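Using the hints provided, position chains B, A, C and D relative to the given structure of chain F.
So you can see what is in the structure, the chains are spelled out below.
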Amino acid sequence: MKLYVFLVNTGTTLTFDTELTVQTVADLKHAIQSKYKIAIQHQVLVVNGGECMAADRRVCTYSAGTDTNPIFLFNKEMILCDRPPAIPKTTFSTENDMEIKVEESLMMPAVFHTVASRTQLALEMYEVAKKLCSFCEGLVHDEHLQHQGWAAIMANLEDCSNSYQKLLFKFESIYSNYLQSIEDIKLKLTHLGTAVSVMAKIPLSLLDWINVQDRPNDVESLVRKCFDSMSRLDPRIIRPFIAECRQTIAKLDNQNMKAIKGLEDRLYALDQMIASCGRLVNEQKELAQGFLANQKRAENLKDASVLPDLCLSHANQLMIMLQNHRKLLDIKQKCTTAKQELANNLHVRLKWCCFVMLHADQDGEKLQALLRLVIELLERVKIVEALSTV
Amino acid sequence: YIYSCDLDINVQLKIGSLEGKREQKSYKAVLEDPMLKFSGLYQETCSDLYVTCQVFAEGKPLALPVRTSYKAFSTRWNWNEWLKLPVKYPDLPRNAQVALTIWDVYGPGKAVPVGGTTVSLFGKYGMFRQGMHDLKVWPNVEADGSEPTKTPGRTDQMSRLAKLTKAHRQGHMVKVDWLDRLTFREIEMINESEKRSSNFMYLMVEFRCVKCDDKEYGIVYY
Amino acid sequence: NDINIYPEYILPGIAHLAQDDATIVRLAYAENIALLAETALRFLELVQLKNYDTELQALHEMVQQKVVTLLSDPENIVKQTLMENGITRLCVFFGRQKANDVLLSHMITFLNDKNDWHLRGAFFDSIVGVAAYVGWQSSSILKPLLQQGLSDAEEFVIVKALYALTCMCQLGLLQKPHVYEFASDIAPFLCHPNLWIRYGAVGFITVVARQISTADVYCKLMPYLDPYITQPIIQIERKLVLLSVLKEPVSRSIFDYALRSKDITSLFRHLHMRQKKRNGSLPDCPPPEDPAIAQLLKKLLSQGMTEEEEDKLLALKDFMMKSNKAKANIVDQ
Amino acid sequence: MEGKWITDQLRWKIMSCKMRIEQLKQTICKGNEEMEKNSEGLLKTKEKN
Amino acid sequence: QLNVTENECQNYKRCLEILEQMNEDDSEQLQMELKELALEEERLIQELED
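Residue numbers (the entry's author numbering), protein chains in the order written: chain F, 1 to 204, 307 to 492; chain B, 9 to 163, 170 to 236; chain A, 454 to 504, 526 to 807; chain C, 100 to 148; chain D, 151 to 200.
Calculated from the structure, these hints are not laboratory results.
Treat the hints with care, since some could be wrong.
Simulated DEER-style distance windows between Cβ atoms [stated by the list, open to error]:
#1 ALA361(F) to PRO548(A): 53 to 59 Å
#2 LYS796(A) to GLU174(D): 38 to 44 Å
#3 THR190(F) to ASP806(A): 50 to 56 Å
#4 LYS22(B) to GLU139(C): 29 to 35 Å
We treat Cβ as the ideally placed atom computed from N, Cα and C, and that holds for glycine.
This is chain F alone, in the form it adopts within the complex:
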């Protein structure tokens, strides 16, 4: 079992050998860096419908990494920069030779005594056409794999959103009832002024523990704590921050991005086109086999098959089939470009969610602060009520 991985950031075919299957967790990252053109610092990969891979757990822990259930990869800088997913397709030397040969064959005239070379070229063309149809089938698979990486991205969005919503809505709703609890806190602040007066009036075994607790919670620090707690506790500070958190959520909430077009609806047409290309390759192979049978027929034709124009007919059929195949090669290259096309089309919603993520990352620093604040509120209520009783 060799690792199967598609850079969900590209949703593109960049697999791994089993050689990295059992290596360290950072081994997959370094493989994407070296084998794939995907560095480490600005990169990411997580489990679709699961957690982002930790530094210890193996892939199968979240069972994935297969040719049909691989892991999803994301280049951090990819969205970090505008970077409409680059499709700087590797040297088309294969495609360039295919184009040159197809042009020659179309310009290739009828063959008289050149039937052997024509059949050799036709067989080479059929084999190359089959190889290209297979490459394009793998491309359509990598398109479905970009779709799977998009599913993984939606899952990761949902997950991170659930964590953020947990923390945020927790602090928020807690303050929601804390409103009346805020009146209780106001009564407690009256009692706090009273306790300040008492402490002024009370200069200085359980008492030992209380005083020890007093050492790291000095009087001025506690007074400043209450004051700032109220001030930033300005209810608007939440309700406006409430609108803020809702906005971060929404920024995450780009419904149309996921429901792009029913990506399966177009992936079905893509698969049908791949099937048509495979059928064309099979027809080309059938025509090459017919060409071999026709070479046999021409050899045996010295006596019983003396009808004329056989070599010319063979050359013409070869040229016609070559033109037909080159035609599909056009759609093949069009899909090669549509790779980067849909790549940028996705990178759009990608950046949408990612910017929502960074803004909600500031929001989550604020939400950790809000936790700390609500904690301060309640825990101080209890412990500082005790300490202020004096």
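Positioned in the frame of chain F, the structure of chains B, A, C and D alone reads:
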């Protein structure tokens, strides 16, 4: 006269105006893209730009694209400023070539420098110049700095006038003063012919005299 | 033997000779050290593929520490130049885990005398780059850096500021508050008479229009945008048309000669009163320091002082007062 | 946002047409000035000749 | 929960009016602006050519 080794001081100078006018306004290229109109010259009574200047020893970079500070040339490109390039005196002194550019918007999407030329830091014989060396412009093109510099800035009728003026002012004139007056008068006619000459871009490059002998000191690499 | 000597000797030699007076030598040392770290990294990867990762973690830590130690050089100009040139994914050795952590402090230490304000714009760009993987929550920590850069000396540094502005609008993560803040601030700065500054502002404006985009653009900026747009005719996704909509930038020279003055601060209050005259009830002229204030006021008014000026004038004039206090303190040296 | 993009496109088109007219006018003015200077120099030289 | 719903809806409604139809009015401006500026640009090109 001085050897370059001891100083090794960083590069600094003063700013001067380029003789070449912005008649390079890409009339057809203007007819193509809307950005260019955003050109500082395109929209101002004159043209300021973002200066870029560097020195390369026969094409090897040796400094940074020095840019002057915010100054006004959109109404008059008269440059009265100083600049300190990032090249040490001894730094790549051999074959060093003063290449530069000025960044001004070739368009709203085309704001950058498109003017460059290259000239040796020292002279054709090795003496460094700390005095103004007006440069030959290469408009719509930037400097290269290579020893085979593609946009010569510094090393004929105008050449004869300049060389004769330099020789005379060196103290190479006889007690017959009348010629010097007529000398300048006829240099006036030669310069008039040169100015009537058109289809050329130029720039006045004012190398800042160094307060070491306090002149446009002639330094030789060693 | 090669695998073993790769890190050991590579770092050994790189350091032993690293100590050198030439600041350019040190900057080259930094760029080459980045190359050599990539080298040792590939060496470790090849060893792993050929023959655990804990050594890799130690090496990456050493890489980040080396980046920082290089940042320790006194030739701050050297550091700024080397970073701005190489990019080197900003040493790509500590990221938000530590790149924010130590990098924020390291850049902040740069907050010394602003002689090379061009270096200030360079540092703004460098911060924007560090924003790539260090600012998700410290983005606001840059917002204070945003104000500091607003305190920058160079108006070319100001164009670099608008650049890094758009750059963060891409990066983000502290925008909404600072977002509307910049929108309002630029609103008066809209007719800013700095061709570099004006164009880079229109560009950062289109970049923000992408970043926040949405109807948020209309409400937040388009009101701030109204301060400049002569007509609502522009592709806000574009800066050239956007500026085309905006009114022609005012004569920066006129305010600069006005700026050239000293007591304009009270003259600033007088200008505010005049604006209130424009929209308010001030009919009279108070008894200011009559000679200079009155002379400049009449020169400007007769010059063609139009209605739209006073507001953005006062905004960028508070900005001026800032920059002018800056200049006065720079006179200390 | 969609309508804003469409309107930005059209209005920037109108504005770019105006701006292009303006830049063409500026170039024509520069050319006319150069032509006048050349004509003056030519007249002086022709008289001397 | 309703509070967060409002925290989003109030902001959403804020710009809804702020999305002023002024540019919507500017939309018809192109119709008159477009052909006239085309003729003007053609004339300017011819003048620059001469």
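Consistency of the hints with the structure:
1. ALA361(F) to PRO548(A): 53 to 59 Å: Given a distance of about 57 Å, which is inside 53 to 59 Å, the answer is holds.
2. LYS796(A) to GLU174(D): 38 to 44 Å: At 39 Å between Cβs, range holds.
3. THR190(F) to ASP806(A): 50 to 56 Å: This hint holds: roughly 52 Å between Cβ atoms.
4. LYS22(B) to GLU139(C): 29 to 35 Å: holds, 33 Å
Consistency note: the structure conflicts with none of the earlier hints.
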